[PDB]
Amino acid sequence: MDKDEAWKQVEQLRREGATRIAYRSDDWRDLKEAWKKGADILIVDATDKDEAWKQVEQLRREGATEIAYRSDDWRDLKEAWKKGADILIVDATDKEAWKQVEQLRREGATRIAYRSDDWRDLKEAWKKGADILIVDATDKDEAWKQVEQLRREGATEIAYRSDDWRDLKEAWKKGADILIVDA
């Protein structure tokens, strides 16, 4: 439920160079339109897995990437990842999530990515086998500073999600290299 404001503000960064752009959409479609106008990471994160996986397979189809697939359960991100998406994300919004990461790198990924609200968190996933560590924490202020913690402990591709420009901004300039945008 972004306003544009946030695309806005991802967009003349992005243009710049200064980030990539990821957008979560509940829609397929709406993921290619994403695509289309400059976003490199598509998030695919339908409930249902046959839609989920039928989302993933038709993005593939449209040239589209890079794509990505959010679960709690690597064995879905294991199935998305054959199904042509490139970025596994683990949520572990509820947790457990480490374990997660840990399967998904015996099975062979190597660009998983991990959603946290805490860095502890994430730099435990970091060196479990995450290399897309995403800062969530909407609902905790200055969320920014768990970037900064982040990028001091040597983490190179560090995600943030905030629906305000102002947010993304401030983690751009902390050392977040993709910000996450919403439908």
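Whichever C-alpha set is largest while still superposing within 1.5 Å between the two forms counts as the rigid core. Positions refer to the first chain, counted from 1. What changes on going to the form deposited in another entry:
After superposition on the rigid core, the C-alpha displacement between the two forms reaches 2 Å or more for just one residue among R152, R60, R29, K140, namely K140. Comparing the forms between the two forms on their rigid core, the Cα displacement of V101 reaches 2 Å or more. Once the rigid core is overlaid between the two forms, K49 counts among the residues whose Cα shifts by 2 Å or more.
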Contents of the next structure:
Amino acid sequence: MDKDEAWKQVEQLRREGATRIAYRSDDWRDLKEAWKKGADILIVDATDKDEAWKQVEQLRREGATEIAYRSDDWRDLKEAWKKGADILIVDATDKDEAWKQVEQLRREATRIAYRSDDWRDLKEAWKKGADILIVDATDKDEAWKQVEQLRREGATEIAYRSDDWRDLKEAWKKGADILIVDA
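Since we've got the form deposited in one PDB entry here, give me the form deposited in another entry too.
Next comes a single chain, given without company.
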């Protein structure tokens, strides 16, 4: 998970013409650089550091307009929204309480991004209101099959995550619109 390699993936996807590139990191400085290089969606992870909202705060001040935040903890997600995140990432393995909070805000504002390794799960989340459906099957055959099926279902804002721009480009070709470089 090397930053210089990650930035190069963003650069290559930009050269290929992608306009909805995302970048996942725990460091606002790394995210700011990815932003300058072509990433429009900046995902603050810091699933290790608690007050990772400090990172959201700094990116907000720097002027990024699409900041995402991942936590399984609805209280953390809500704080991140308050500090300027507009995309809250919830996971299939999360407690039901996580979606419950992000759904309240989504009605009122925020977008919900749902990560599952089962495409039928992702479809249900789409039907239940999720704005962004993240495919991250490490098997590429299965992952690209999930992207294809979500496109067939009409699910919108399909995302795929990889450390390799070539896999992201294949996902893009098959129907993914958001391409997450995992730094």
